[PDB]
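Trainee: Letter by letter, the chains look like this.
Protein chains: 2
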Amino acid sequence: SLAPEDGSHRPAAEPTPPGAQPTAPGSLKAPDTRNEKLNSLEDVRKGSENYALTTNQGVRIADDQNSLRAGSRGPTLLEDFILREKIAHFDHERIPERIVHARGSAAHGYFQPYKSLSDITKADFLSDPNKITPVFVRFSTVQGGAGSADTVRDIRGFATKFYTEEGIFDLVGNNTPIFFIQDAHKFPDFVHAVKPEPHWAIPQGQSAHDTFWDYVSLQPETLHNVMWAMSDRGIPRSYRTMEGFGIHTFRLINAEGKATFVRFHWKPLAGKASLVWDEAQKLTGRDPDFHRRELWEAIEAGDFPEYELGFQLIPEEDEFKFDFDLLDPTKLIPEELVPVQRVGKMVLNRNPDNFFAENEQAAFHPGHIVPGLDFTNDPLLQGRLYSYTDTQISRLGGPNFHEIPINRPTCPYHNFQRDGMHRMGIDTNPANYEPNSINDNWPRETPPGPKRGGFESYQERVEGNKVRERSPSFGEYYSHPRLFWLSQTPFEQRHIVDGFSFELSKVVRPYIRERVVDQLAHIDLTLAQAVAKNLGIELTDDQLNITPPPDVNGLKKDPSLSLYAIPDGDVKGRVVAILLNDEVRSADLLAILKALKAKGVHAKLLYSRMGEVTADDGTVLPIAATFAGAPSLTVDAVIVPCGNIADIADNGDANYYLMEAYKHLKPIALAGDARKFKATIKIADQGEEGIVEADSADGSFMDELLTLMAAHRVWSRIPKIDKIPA
Amino acid sequence: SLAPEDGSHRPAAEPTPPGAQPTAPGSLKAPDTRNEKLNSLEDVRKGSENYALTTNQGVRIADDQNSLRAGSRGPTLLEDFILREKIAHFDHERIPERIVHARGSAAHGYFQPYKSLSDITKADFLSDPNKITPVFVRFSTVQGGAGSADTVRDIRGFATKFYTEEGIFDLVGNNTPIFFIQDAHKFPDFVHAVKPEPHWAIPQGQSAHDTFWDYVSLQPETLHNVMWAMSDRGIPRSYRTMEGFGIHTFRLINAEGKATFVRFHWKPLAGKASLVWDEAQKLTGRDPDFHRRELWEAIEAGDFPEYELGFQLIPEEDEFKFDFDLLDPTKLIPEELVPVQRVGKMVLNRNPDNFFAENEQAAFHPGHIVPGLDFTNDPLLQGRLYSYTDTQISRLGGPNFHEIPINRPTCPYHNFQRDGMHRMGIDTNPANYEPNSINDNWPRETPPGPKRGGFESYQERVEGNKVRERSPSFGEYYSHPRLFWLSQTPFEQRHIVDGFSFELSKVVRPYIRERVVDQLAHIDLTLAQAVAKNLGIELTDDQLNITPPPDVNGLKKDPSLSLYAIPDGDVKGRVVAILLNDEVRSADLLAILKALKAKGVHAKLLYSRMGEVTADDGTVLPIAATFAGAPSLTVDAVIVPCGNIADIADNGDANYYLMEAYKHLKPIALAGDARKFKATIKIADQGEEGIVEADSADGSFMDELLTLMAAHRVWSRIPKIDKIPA
Ligand code: HEM
Ligand code: HEM
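Protein chains in written order, with full-length UniProt numbering: chain L, 28 to 753; chain R, 28 to 753.
FYI, nobody ran anything at the bench for these hints, they're computed from the structure.
Just so you know, not all the hints are guaranteed correct.
Identical chains blur together in the list; that is why a pair holds if it fits in one copy or across any two.
What the hints assert, rightly or not - The calculated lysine-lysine pairs, modelled on BS3-like cross-linking and capped at a C-alpha distance of 27 Å, are:
no.: 1; residue 1: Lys631; residue 2: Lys560
no.: 2; residue 1: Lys560; residue 2: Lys533
no.: 3; residue 1: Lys624; residue 2: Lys533
no.: 4; residue 1: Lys294; residue 2: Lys624
Could you build all of it, start to finish, from the sequences and the hints given here?
Mentor: Below, the structure is given as structure tokens:
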């Protein structure tokens with residue numbers, strides 16, 4: 028026995044707040060959390076306690092510390108079959124990462140609709156409010172490798188596998204409502220442009236390099252999703268606090284055969300929230316696993332990620348009623364024109380057991396639809412349908428990837444396909460072809476119908492010649508970027524200007540910067556001028572005279588495009604740092620922890636060393652991390668309770684911790700003699716909105732802090748932060 | 028006509044300093060730098076200019092912007108074989124990364140010995156000072172993925188493929204002289220323990236987590252290489268400023284058949300230099316590609332990485348004359364006991380053309396030796412011999428990986444091996460077996476001999492029973508950790524204590540931290556007390572009374588084990604940030620820039636925006652980056668010239684630039700009114716060692732700065748920095 032006698036090696040199998048217990052595989056942390064898919068994986072879960080160590084052939088091993096050798100200082104012998112199996116398996120551990128979205132984090136959960144949608148769709152998972160569909164969801168960045176950092180500036184993926192009773196449906200979306208390009212033929216060009224450059228394989232996780240901006244300057248259709256990327260949408264706080272979108276128009280098909288166009292939305296019930304760029308960039312260094320960690324720890328705490336599925340629905344007869352093409356995936360459908368109808372709720376409530384087996388090997392593909400859905404001719408969706416099956420057979424080693432446990436349907440699947448590498452299913456059917464008489468033609472085709480029917484495509488009319496040509500209706504590139512720009516708050520605009528300015532400053536060939544600023548002048552002259560000033564570029568008179576693009580169907584703005592213009596804050600699952608001293612005022616700590624607990628906000632107790640400190644009343648406080656070990660970047664607000672403030676008053680790291688949190692617009696709360704830290708961040712005696720201060724930490728102090736936290740950041744401080752050296 | 032008319036898109040094909048021109052493929056940047064391997068790759072180099080765009084079957088493409096569809100808003104057709112080939116290739120771009128050392132950066136170069144070594148080895152590449160051997164070198168970290176960050180705390184790999192006239196020799200070493208474990212059977216255990224933990228796949232690029240320190244606390248053989256990783260050896264400034272080691276004792280065999288034991292070394296001719304931890308961790312966020320970038324741009328500037336190969340040589344009769352076993356890879360051979368004899372010089376002077384083709388697909392394996400070398404029974408080396416071929420056939424898709432152009436020998440290769448995936452060579456031999464008469468038995472075996480002979484193993488005597496048993500001679504774990512600790516300067520010892528303290532602070536189970544501190548108490552009580560103090564742990568009286576381990580062969584230190592105890596600084600290829608203002612004193616800038624140029628030190632001119640500023644006298648100064656764009660993390664020293672200081676005096680980024688550089692112990696030089704920045708970093712009016720200050724940048728100001736730069740960092744400043752909020 029190498030475990031400690033006290034049992035402290037094993038985390039409690041109950042919900043616990045971040046940092047309170049070591050994290051664990053999902054089935055051991057939350058063994059009572061079940062759904063049909065989770066249960067179905069029991070055939071392949073493998074335990075360990077009380078079992079002997081063996082080879083993969085079942086032979087017990089006596090000595091797992093040594094190779095077999097001729098004498099104990101002799102050569103290793105070829106007959107050591109136990110060493111060679113162990114080292115061969117290790118030698119073959121890695122598989123290819125995904126070509127894009129290689130970096131991602133996943134969890135299990137469940138979905139149910141609010142009401143039956145049978146009037147618009149015959150899909151079975153949308154038919155009954157009390158029929159629950161398991162899901163597995165992977166969130167991702169796009170450009171970086173599987174070992175890249177989480178809080179980069181990038182688009183994020185949001186892929187949901189729904190294990191329905193009529194097949195797997197994969198809704199493979201991103202966190203912005205449009206993509207960069209119009210036709211899948213260009214996907215390798217765009218991805219190669221954004222990815223590390225091919226001579227030296229730099230930069231990882233960043234679009235701030237010449238080839239990406241070269242492509243953008245030469246392909247104005249990219250500008251819309253570039254605007255989203257350069258805004259704070261490119262730097263979410265958490266995968267719990269971003270939107271999701273399917274991007275393409277799809278179809279819903281009901282039992283009477285009617286097609287309705289649909290775009291898919293996920294609304295985060297925790298609200299929309301993003302980092303600021305200096306925080307995000309520094310956090311890729313202090314904790315490159317911040318989003319993976321925060322997601323796993325939110326589910327271990329019971330702060331399950333919840334999202335509302337929503338549909339924008341457009342009747343068939345209204346296909347051409349907008350000033351943009353519904354099938355153009357560089358155009359969004361403004362919610363002021365077509366509202367999102369609430370459809371159902373998805374809750375992620377258990378982490379996987381083994382990241383490689385369940386997350387790395389999962390395969391999501393947007394051609395996996397079910398009866399009641401269909402595609403459209405969007406030319407980027409069309410080409411996606413070829414790529415996901417093709418790449419998943421390369422990455423997962425052959426055509427039986429649907430038999431890898433995470434990807435298996437929970438509903439029946441039977442057909443005449445056979446063989447392939449690592450075939451697990453042993454078919455007993457005498458026939459491997461149809462039509463057959465020798466098995467009375469089973470398994471059999473099923474006619475389409477209202478429920479449980481075979482799939483039939485909606486009989487869309489196709490009229491045209493065989494052409495490689497872009498629809499002229501797709502040839503407008505600046506109106507949607509402008510609508511997005513005008514819908515942002517002033518601080519969000521400033522952050523967009525700063526994102527383009529920072530990125531193009533890293534473009535070494537100056538003419539590319541100039542060409543991008545010329546594109547920006549076709550969107551908005553105020554944006555283009557503000558970027559140009561930061562680049563040392565002066566717009567020409569012709570640039571100053573470019574006519575702005577038209578409004579989008581009369582809209583001058585749509586506030587649903589902003590992260591912050593409409594309040595939607597939720598503090599449950601956020602975290603505060605509490606900076607301890609060696610004689611903390613216990614009464615402050617009581618009041619602080621009670622008010623945080625009432626709102627579901629977690630706390631991390633920090634100090635200048637690890638171990639414990641004792642409060643004024645004898646209470647022994649364990650320290651979660653040092654001020655340098657868990658920087659302000661990792662929390663949403665900072666509280667300094669009273670005590671022996673002289674202990675930490677001259678500590679550089681405690682002072683910096685407040686300066687960094689202040690620069691990054693976080694609420695700060697100072698009780699009693701902790702108000703002496705007002706001098707590090709230059710707060711006048713009268714106080715400042717976003718700094719909470721009082722003689723002690725009481726009801727009123729904590730309510731004011733929590734109100735600031737519900738607004739996420741203190742935007743009004745922005746003019747005060749350029750002078751702080753942090 | 029998408030290129031600019033001024034031709035500024037294309038970098039000059041001449042050596043240029045970092046940042047001055049976009050980087051490019053080696054054969055375009057330095058077409059006239061040649062060696063036999065680089066010439067032999069011409070058969071597969073593919074150009075582009077003036078050629079038509081084609082499918083891989085040579086069919087010209089007319090429209091690479093669109094898929095083929097029935098109507099320009101219609102569905103994509105299956106007959107579009109141009110789209111399908113392009114998206115199929117994209118879908119299968121990735122291959123598995125290396126199981127370990129997945130993150131690496133490589134270059135081409137050449138090796139020449141200083142004199143013939145025919146007395147001690149018949150290896151042909153060491154036989155003649157005029158014999159030049161091409162090399163390809165890959166430097167790497169160990170734990171993180173290919174998309175992880177460069178300036179992590181980790182061991183570094185240093186692998187050299189020598190393309191000799193008698194076969195490929197791969198010298199596959201690391202940047203510390205020992206490894207963590209003694210027997211290859213344990214390598215999957217140790218690697219699994221340091222790699223991201225299996226439930227959640229965190230943390231990337233870090234050993235600061237519970238499973239690593241759990242394994243270390245239960246396997247004290249790891250403590251010697253852990254000491255090296257916790258020292259600043261774990262965070263090199265550049266691959267140019269670290270040492271290399273083969274680790275194992277190997278053999279040299281001369282023409283008379285005499286075996287000499289050898290351990291291999293590489294000495295960096297640029298000196299040894301490392302970062303400090305807060306700088307390295309931050310730099311993983313601000314530039315995760317910093318080491319890859321620095322190596323590439325050193326080569327493009329002519330600052331070619333140079334290393335001296337050196338041998339520690341032990342006669343066969345002296346195998347048992349040390350307190351440690353020569354075959355134990357957790358033990359070093361102190362240079363005070365066995366000096367390194369200089370053997371030759373390697374210069375890396377050309378970057379690859381295509382990172383994937385040449386770096387990602389390169390395969391190095393320490394079983395690739397040539398006649399004149401041999402192995403020993405080191406039980407870690409013996410198990411490596413199985414792993415490398417096994418893993419490379421999985422990673423590179425089959426057993427013909429030696430036909431991938433970068434891995435091909437430059438000498439002849441002919442045998443009776445056939446077929447396999449991806450077979451390039453078309454064999455015309457009538458026979459595919461020997462002995463044969465049908466091809467007169469060619470190709471033929473060759474007897475061993477002094478030159479151009481066949482390989483024969485040295486006939487070492489083996490005697491013992493078949494056992495899975497560790498040699499008792501390997502059962503000593505604390506003397507070499509202690510020798511290392513006692514050989515470090517006081518500031519190096521502080522940084523070791525801070526490394527263990529930071530890492531064990533991130534171990535969530537406190538009993539593991541206690542167990543590690545108990546192991547430190549077996550190495551050195553001062554080390555163990557200082558780490559325990561930072562963890563809030565008190566040593567027991569039993570721990571206070573553990574007797575230290577013995578000295579190693581009478582040594583109580585060996586200064587060659589320190590980075591800094593013996594000055595070896597070289598400033599060429601280093602870089603200085605120059606913080607501009609909008610009216611710089613041009614005389615200061617003339618003096619600063621030409622002084623740096625004379626010593627081969629590069630400069631980056633920084634400001635608060637991109638573009639230009641104008642000096643007092645009209646000189647137009649182009650700006651390389653903003654203060655936030657190119658943080659002090661990325662430079663070795665900071666110079667602030669006189670001029671209009673009020674322009675930048677209240678710029679929080681300019682101030683913080685100097686605070687970060689000051690905290691990280693970098694030299695800082697302030698001319699004229701730039702001395703007003705003394706107050707930002709709290710420098711006495713009377714000044715302090717490490718801050719250069721004068722009325723102007725003339726006289727001795729640049730010599731004083733350059734002297735500071737040759738000592739790397741200002742260690743005496745360490746007690747001054749805990750107080751600084753930065
Ligand atoms: C609306 C535009 C797109 C969206 C929203 C989208 C979204 C995503 C997401 C979220 C993933 C990762 C799924 C996971 O977590 O495993 C992914 C993977 C992938 N995507 Fe797409 N993507 C789009 C366009 C395309 C296009 C145009 C192509 C190629 C024609 C493509 C090819 C791929 C490939 C090859 C993978 C890797 C899939 C795997 O290995 O399993 N994507 N995409
Ligand atoms: C002295 C101890 C060792 C040193 C110095 C060492 C050094 C290295 C280096 C430098 C690389 C990267 C080569 C490159 O740049 O591609 C590498 C890769 C590798 N090492 Fe070792 N290694 C050690 C021990 C081991 C052991 C004990 C095993 C297994 C028994 C092992 C298995 C591997 C594997 C599987 C790879 C990836 C090779 C590839 O995919 O091409 N290593 N090692």
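Trainee: Now, for every hint given, state plainly whether the structure supports it.
Mentor: To see whether the hints hold, each was checked on the structure:
In this homomeric assembly, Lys631 and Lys560 come within 27 Å of each other (Cα to Cα) only across copies, at 21 Å, whereas the closest approach inside a single copy is 42 Å. Taking the shortest Cα distances, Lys560 and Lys533 sit within 27 Å of each other inside one copy (16 Å), while across copies they are farther apart (44 Å). In this assembly of identical chains, the alpha carbons of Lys624 and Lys533 lie at most 27 Å apart only when taken from different copies (24 Å versus 44 Å within one copy). In this assembly of identical chains, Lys294 and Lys624 lie within 27 Å of each other by CA distance solely inside one copy; the values are 25 Å within and 57 Å between copies.
In summary, the structure agrees with every hint in the numbered list given earlier.
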